[PDB]
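The data below hold one chain only, encoded as structure tokens and taken in the form deposited in one PDB entry.
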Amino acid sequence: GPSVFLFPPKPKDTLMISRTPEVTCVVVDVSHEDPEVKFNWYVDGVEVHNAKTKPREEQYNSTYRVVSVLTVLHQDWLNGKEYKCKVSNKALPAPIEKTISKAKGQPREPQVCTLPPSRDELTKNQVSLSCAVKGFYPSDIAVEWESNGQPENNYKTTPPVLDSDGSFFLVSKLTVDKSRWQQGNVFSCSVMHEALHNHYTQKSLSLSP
């Protein structure tokens, strides 16, 4: 009956020692008749108990969305440990077990390059600065924008795309007021990946050279 989905820790969260990474176990199609879900967490086959039990969410299709969240400790997710979730419920003949771990294989650093505003864009009220992040592995990556030491949160980063070479590429687009770009303000592009030095790289772009 119910379906189980196991989600990895937010890429930013696994890369900064100053964050709360957590694996997430989601159970959709839980009956209004048998709502209880017992969760069992395993870490490299060893049962852990620290999991956080989250209150069920009534979905509009008259079913519940039960979730459990196990916090990971950085040095474990990046070090390829296997996080197993065992979902037990009355409406299941036998428990559902799901497993997640970071993608194995040679870590490859991303390469960044920037795109200043377009020929048409520069005639509009708002302009867009873009970032191209190519050839990183695994797809676990954080793309943020910041200007003058302050977070610039009006951007859209595309989801990682696989290449014929076996690595990923994405595109980030920050949209800002034309007036700000013309004033020669300097906007940067932050990329976080396990293969970068100090897990981070940044690429600035302005009206100036």
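Positions refer to the first chain, counted from 1. What changes on going to the form deposited in another entry:
The rigid-part assignment between these two forms places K134 and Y200 together. This chain moves as two rigid pieces, and the smaller piece turns through 23° between these two forms.
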The other form holds:
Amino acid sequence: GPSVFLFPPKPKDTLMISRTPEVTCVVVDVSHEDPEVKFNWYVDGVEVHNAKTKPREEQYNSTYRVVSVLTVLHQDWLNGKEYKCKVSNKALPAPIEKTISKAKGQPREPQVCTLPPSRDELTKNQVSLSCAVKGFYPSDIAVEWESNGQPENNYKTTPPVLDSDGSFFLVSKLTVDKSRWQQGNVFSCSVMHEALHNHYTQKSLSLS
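Can you return the structure of this protein in the form deposited in another entry rather than the form deposited in one PDB entry?
No partner chains or extra molecules come along with it, only the chain itself.
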């Protein structure tokens, strides 16, 4: 029988009005037999009609894969609406239903703090700048660095970590050339989270 995998939007997509959050319903192991696949979509049990389904695509294992994509309204996802994908196929005993929704829990607003390099590390070639984000809930969050109007990619961010008070924290470490910090370039940590005003805050850091 076919199997169904239901995927959520990316957090950043739900937090920025100009992005396009989508829920993706993927069906695999569709037979030659019985290649017809029907999608029904429901939001809080109410059927919706505007999903965009793709033609089936045969895989190297001689089975078909078919994807239906539902664009969601940012505020619907953030308000906890439940998205159900129902998949019908003649080779199935009964239609398969999957339902997905945003992580639950009372939201808590992240506090964001930039931390300059240790004075030990000024003799290293590069320095590490630190963006600590603490006290947030739920754990879905996006953290990004930039400078002079361009993204700075040479960073890594820890997973969210459950703190003692039940909130999450993480740290993002941006590595830059020392000269470039000496220089006095300003670096900025952008944080996107449902519990922030405008779902966005930025903190900047430069040599003092």
